[PDB]
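Trainee: Below, each chain spelled out in residue letters.
There are 2 protein chains.
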Amino acid sequence: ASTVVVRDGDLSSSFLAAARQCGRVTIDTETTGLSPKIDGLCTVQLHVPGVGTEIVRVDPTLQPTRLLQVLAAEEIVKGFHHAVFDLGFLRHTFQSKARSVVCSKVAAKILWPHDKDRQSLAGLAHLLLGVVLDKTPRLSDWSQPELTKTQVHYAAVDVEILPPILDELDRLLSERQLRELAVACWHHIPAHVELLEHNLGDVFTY
Amino acid sequence: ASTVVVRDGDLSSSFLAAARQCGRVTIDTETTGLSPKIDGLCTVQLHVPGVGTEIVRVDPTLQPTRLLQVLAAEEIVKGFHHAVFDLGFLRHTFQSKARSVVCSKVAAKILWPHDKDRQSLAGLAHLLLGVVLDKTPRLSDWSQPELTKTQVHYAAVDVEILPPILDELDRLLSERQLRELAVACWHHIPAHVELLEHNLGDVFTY
Ligand SMILES: [Cl-]
Ligand SMILES: [Cl-]
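Chains as they are written, first to last, in the working numbering: chain A, 1 to 206; chain B, 207 to 412.
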């Protein structure tokens, strides 16, 4: 959490430029609960490697125009942990339909299908980076008029830790010849979000 | 079942040409049971609209080279009913990895998520075409040294009925603005087959 600014309503015009120069960003959100179609989206965090992190506080009366630009941009890769969760909120709240998203949880489920510990952000961070993540601020009040120092730091860490985690999952995927499958699965995340948004369920079974 | 030929081991060179001229074919299979990774693949049926239908009897000692060419060909659309099932057999038996496949079951699950009747080939044929399909030969012995007249006719009908069914689902999908979602889902079928082949399960949940 080297350099973090809390923004109201939208990503700043400076980070939009930095995201476009970089071609790659990481994204996370804080909410009032676990149901992307019922609970409230409170903040969206965006990190530009080398530049810093913005915490965007959602306004009900404002589309976060420049944030939706980044999400939709084919030429900007957006890394998440559990992209289906975060994009479900973004889709239900803002009608956002993202392109070029990747997900460390999907990656982890391909590499370690039977191990829930390695499928969590904290499991990935400890295994790959030697880093212990503090998870206690996740249940705090993200709609509070002023985010605390602890909140800001927590919200920043969970986007700033994704670039090294994602790079390391890429290498493990390539080694086991599963990267093309992870690539195909990441490419399906936005469609999977639409299926959930429309209550269409599992279209691939009998 | 206007014009049907039973082929040993592979699709004929003439249908490979006709599939390439047409740019579109429909596909179905007959098997010894419902588990694509355990049960035997007995036949693969391929229909070229306007030309006819081949029933390919699988040989254990022979890759059906020209059939695998059609399956892999990006420029040839392959229509199935329940593509995940058929491609699971083709993937486990021949290591076949298909491109540009579409599926009437996936389409039906998007249009009618809660109605199992409309998600079956016979439900689709009756609703859309007014056609009653005889399903009794499905449990017959497809590894028998000579397929019966009833078997040949059954195996041919279930590929020849797919082109009108698929064209009609396209129109219903477009009308409700769900065709882009069906297109995205069809594009994911081969990856979903790989996930099942590797026992990776649902990579898109928590
Ligand atoms: Cl604040
Ligand atoms: Cl025969």
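These are calculated hints, taken from the structure and not from any lab test. Wrong hints could be hidden among the right ones.
Unchecked claim - Calculated cross-link-like contacts (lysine to any residue; reagent style SDA-like; alpha-carbon spacing at most 25 angstroms):
no. : chain 1 : residue 1 : chain 2 : residue 2
1   : A       : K37       : B       : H332
2   : B       : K243      : A       : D202
3   : A       : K116      : B       : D321
4   : A       : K97       : B       : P319
5   : A       : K116      : B       : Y412
6   : A       : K37       : B       : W318
7   : B       : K243      : A       : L173
8   : A       : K37       : B       : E386
9   : B       : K243      : A       : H198
10  : B       : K243      : A       : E197
11  : B       : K303      : A       : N199
12  : A       : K97       : B       : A390
13  : B       : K341      : A       : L172
14  : B       : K322      : A       : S12
15  : A       : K97       : B       : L378
16  : A       : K37       : B       : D321
17  : B       : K322      : A       : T205
18  : B       : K322      : A       : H198
19  : B       : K303      : A       : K97
20  : A       : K37       : B       : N405
21  : B       : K322      : A       : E197
22  : B       : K243      : A       : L178
23  : B       : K303      : A       : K116
24  : B       : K322      : A       : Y206
25  : B       : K243      : A       : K37
26  : B       : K322      : A       : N199
27  : A       : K97       : B       : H393
28  : B       : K303      : A       : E197
29  : A       : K97       : B       : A397
Trainee: Within a Cα-Cα threshold of 25 angstroms, do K116 of chain A and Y412 of chain B meet the stated pairing?
Mentor: Between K116 of chain A and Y412 of chain B the Cα gap is close to 9 angstroms, so the pair holds against 25 angstroms.
Trainee: Take a quick look at whether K97 of chain A and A390 of chain B sit within 25 angstroms of each other, Cα to Cα.
Mentor: Within the cut-off at roughly 13 angstroms; holds.
Trainee: Is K97 of chain A within 25 angstroms of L378 of chain B, Cα to Cα?
Mentor: It holds: about 23 angstroms lies between the C-alpha atoms, which stays within 25 angstroms.
Trainee: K116 of chain A and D321 of chain B were given as a pair; does the straight-line alpha-carbon distance stay at or below 25 angstroms?
Mentor: Violated - the C-alpha atoms of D321 of chain B and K116 of chain A are around 34 angstroms apart, more than 25 angstroms.
Trainee: Check whether the Cα positions of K322 of chain B and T205 of chain A lie no farther apart than 25 angstroms.
Mentor: Within the cut-off at roughly 11 angstroms; holds.
Trainee: Verify the proposed pairing of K303 of chain B with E197 of chain A, using a straight-line Cα cut of 25 angstroms.
Mentor: 30 angstroms, violated
Trainee: Given the proposed pairing of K37 of chain A with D321 of chain B, does the C-alpha separation stay at or below 25 angstroms?
Mentor: OK: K37 of chain A and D321 of chain B at ~24 angstroms, within 25 angstroms.
Trainee: Check whether the Cα positions of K97 of chain A and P319 of chain B lie no farther apart than 25 angstroms.
Mentor: Satisfied, since the Cα-Cα distance of roughly 22 angstroms is no more than 25 angstroms.
Trainee: Is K243 of chain B within 25 angstroms of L173 of chain A, Cα to Cα?
Mentor: Since the Cα atoms of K243 of chain B and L173 of chain A sit roughly 24 angstroms apart, the hinted pair holds (cutoff 25 angstroms).
Trainee: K303 of chain B and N199 of chain A: Cα distance at most 25 angstroms?
Mentor: The given pair, whose Cα atoms are some 29 angstroms apart, is violated under the 25 angstroms limit.
Trainee: Is the hinted pair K37 of chain A and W318 of chain B satisfied, with a Cα-Cα distance of at most 25 angstroms?
Mentor: 21 angstroms, holds
Trainee: Given the hinted pair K243 of chain B and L178 of chain A, is their Cα-Cα distance within 25 angstroms?
Mentor: 20 angstroms, holds
Of the numbered hints stated above, those contradicted by the structure are hints 1, 3, 9, 10, 11, 13, 14, 19, 20, 23, 25 and 28, listed in ascending order.
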